[PDB]
Amino acid sequence: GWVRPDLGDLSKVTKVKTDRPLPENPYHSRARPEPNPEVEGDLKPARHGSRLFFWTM
Amino acid sequence: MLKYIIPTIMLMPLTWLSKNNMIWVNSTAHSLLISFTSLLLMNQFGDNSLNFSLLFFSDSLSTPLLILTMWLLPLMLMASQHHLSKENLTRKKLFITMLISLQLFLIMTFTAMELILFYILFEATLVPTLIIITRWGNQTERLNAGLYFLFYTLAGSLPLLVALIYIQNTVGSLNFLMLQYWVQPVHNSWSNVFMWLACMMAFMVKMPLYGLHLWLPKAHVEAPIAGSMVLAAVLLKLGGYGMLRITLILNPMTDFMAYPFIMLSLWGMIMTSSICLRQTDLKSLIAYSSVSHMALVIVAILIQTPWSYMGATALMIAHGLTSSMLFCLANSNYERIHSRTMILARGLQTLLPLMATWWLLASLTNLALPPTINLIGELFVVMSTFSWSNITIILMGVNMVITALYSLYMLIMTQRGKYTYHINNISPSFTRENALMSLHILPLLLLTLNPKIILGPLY
Numbered sequence: 115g116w117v118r119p120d121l122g123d124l125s126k127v128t129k130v131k132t133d134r135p136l137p138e139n140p141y142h143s144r145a146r147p148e149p150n151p152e153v154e155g156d157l158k159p160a161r162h163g164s165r166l167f168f169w170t171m
Numbered sequence: 001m002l003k004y005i006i007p008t009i010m011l012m013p014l015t016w017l018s019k020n021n022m023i024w025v026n027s028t029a030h031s032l033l034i035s036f037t038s039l040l041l042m043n044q045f046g047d048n049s050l051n052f053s054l055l056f057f058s059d060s061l062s063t064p065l066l067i068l069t070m071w072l073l074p075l076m077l078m079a080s081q082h083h084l085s086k087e088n089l090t091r092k093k094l095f096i097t098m099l100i101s102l103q104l105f106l107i108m109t110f111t112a113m114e115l116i117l118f119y120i121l122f123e124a125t126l127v128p129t130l131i132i133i134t135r136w137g138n139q140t141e142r143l144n145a146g147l148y149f150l151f152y153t154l155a156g157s158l159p160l161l162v163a164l165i166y167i168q169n170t171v172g173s174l175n176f177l178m179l180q181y182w183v184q185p186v187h188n189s190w191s192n193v194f195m196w197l198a199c200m201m202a203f204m205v206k207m208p209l210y211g212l213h214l215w216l217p218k219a220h221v222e223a224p225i226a227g228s229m230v231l232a233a234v235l236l237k238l239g240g241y242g243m244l245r246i247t248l249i250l251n252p253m254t255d256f257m258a259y260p261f262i263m264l265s266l267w268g269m270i271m272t273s274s275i276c277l278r279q280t281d282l283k284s285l286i287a288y289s290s291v292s293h294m295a296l297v298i299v300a301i302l303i304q305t306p307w308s309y310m311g312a313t314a315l316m317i318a319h320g321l322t323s324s325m326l327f328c329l330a331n332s333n334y335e336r337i338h339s340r341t342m343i344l345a346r347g348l349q350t351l352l353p354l355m356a357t358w359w360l361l362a363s364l365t366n367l368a369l370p371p372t373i374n375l376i377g378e379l380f381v382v383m384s385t386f387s388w389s390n391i392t393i394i395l396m397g398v399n400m401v402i403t404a405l406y407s408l409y410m411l412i413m414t415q416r417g418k419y420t421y422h423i424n425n426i427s428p429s430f431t432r433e434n435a436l437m438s439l440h441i442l443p444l445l446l447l448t449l450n451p452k453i454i455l456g457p458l459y
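The listed protein sequences correspond, in order, to chains X and M. When you line the first sequence up against PDB author numbering, it's residues 115 to 171, in that order. When you line the second sequence up against PDB author numbering, it's residues 1 to 459, in that order.
Honestly, I wouldn't trust all of these hints.
Cβ pair distances, simulated, as ranges [claimed, not checked]:
| hint | chain 1 | residue 1 | chain 2 | residue 2 | range |
| --- | --- | --- | --- | --- | --- |
| 1 | M | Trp-16 | X | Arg-161 | 53 to 61 Å |
| 2 | X | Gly-155 | M | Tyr-259 | 38 to 46 Å |
| 3 | X | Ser-164 | M | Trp-16 | 53 to 61 Å |
| 4 | X | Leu-157 | M | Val-183 | 33 to 41 Å |
| 5 | M | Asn-26 | X | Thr-170 | 31 to 39 Å |
Cβ-to-Cβ under 8 Å is the rule here; a few derived chain X residues that face chain M [to be verified]:
| hint | residue |
| --- | --- |
| 6 | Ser-164 |
| 7 | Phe-167 |
| 8 | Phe-168 |
Bear in mind the hints are in silico, worked out from the structure with no lab data behind them. Beta carbons are placed, not taken as given, at the ideal position from N, Cα and C, and that holds for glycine.
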């Protein structure tokens, strides 16, 4: 009772039922470095301008 | 200070938009009005300086220098207009523009609060001054004189730029009001020895310090008359003014770092005074006289006492008017005989009686006759250096003897004796020349009636 699979069948992506638990850390990767402190706030004008030497603005 | 900066700038469109033949009339008249308004800076308090804004301030030190600066522009215009008569109009206007731009830089230099702003404007004065000497000087050597003037100054100023920027990083500011309160003592180390030198040597070359002075006689012999007047009256005082301010932040290291420069100045003043006795060129003699006088200023600034700072301020003002007058007197002879040799034309009192009186009055102030402000300043410096060390009275005393000798020798050689037989183009003094001389000496002698306004902040 064997039927030959048709053109295209054997290249299908199929789904599989497995009791094997889904791997948690397959790459065995360490903990990632913490991101730099994100900056959030209201952008105010620069205090007293450029402050470059003698400039007032 | 904008009430002086803007009208000074307006002298430029005034000159360029004037009728062709009214460039000298217009610029002279309006630069005198500016000079008149400069007396409003006399609103000086006993505790606080006059602090206009974040950028500019006046105190008792800068105010007399500012008034001298603004008074000198109209005088330089009268002095210059004769020898520039054959110049084409556009080049006359450019000459006046260089003088106006020099005044603009000078009044900003003397009033800047922040020391880098002082440095930039202090440096900006080089450009017009160099242009005036090299473009409108008379002889071949003016190109070399420009190079010596430029590179002497830059050899000193560039280390100053590094030191000032260093100071701001460490202290956080170069505002002079802040430095008065945040100043910290300079501790002994090789780093601070070179910081001290970088802070001072630029101003020493300007004074000029003895040993660094040889550029000055070259510049004067080569410069046109207006160049000499601004050079002698105000430009040398940038060094004095700079040292008076920057010594605030160099204590106590100045206590021993000053010694080599006091020895140079104390000995230098005797050597330059004696040199004046043997000079053959009249402009070169006056240039050496300036080195001798400025030697006292350096000593007074370095010993840092109230009396010496008052003496230094008074001498700077008195020397400015006197030396500028002497150059104008020498120039008026030059415009007749076209030679700076002192022995060429003699016995000129017989031919120009009134002009011989200007010579006499100028010489009397140069040798510091009491009660001229020339003596007041010199006397105050002599009093303070006596306390510094009693022995200095001998060096000061000898210099006063030699100073009288070359001051009168210059008067005797040119004005007395027998007139040179073959010189027969000694025309009578012009009203312009007499007015020019009297606009030096009259303000100078009027200041005797009220000296306090030239004694600086320590008064």
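Evaluated hints:
One distance hint, 53 to 61 Å for the beta-carbon pair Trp-16 (chain M) and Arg-161 (chain X), is violated here, with the actual separation near 42 Å. Restraint check, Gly-155 (chain X) to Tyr-259 (chain M): a C-beta distance of roughly 56 Å breaks the suggested window 38 to 46 Å. Between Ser-164 (chain X) and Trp-16 (chain M), the C-beta spacing of about 34 Å breaks the proposed range 53 to 61 Å. Between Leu-157 (chain X) and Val-183 (chain M) the beta carbon distance is about 36 Å. The supplied range of 33 to 41 Å therefore holds.
A hinted range of 31 to 39 Å for the beta carbons of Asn-26 (chain M) and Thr-170 (chain X) is consistent with their spacing of about 34 Å. Taking 8 Å as the C-beta contact cut-off toward chain M, the hint placing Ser-164 (chain X) at the interface is violated, the least distance being around 13 Å. At its closest, the beta carbon of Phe-167 (chain X) sits 5 Å from a beta carbon of chain M; the interface hint therefore holds under the 8 Å criterion. Using the Cβ-Cβ criterion of 8 Å, the hint placing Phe-168 (chain X) at the interface with chain M is satisfied: the shortest such distance is roughly 4 Å.
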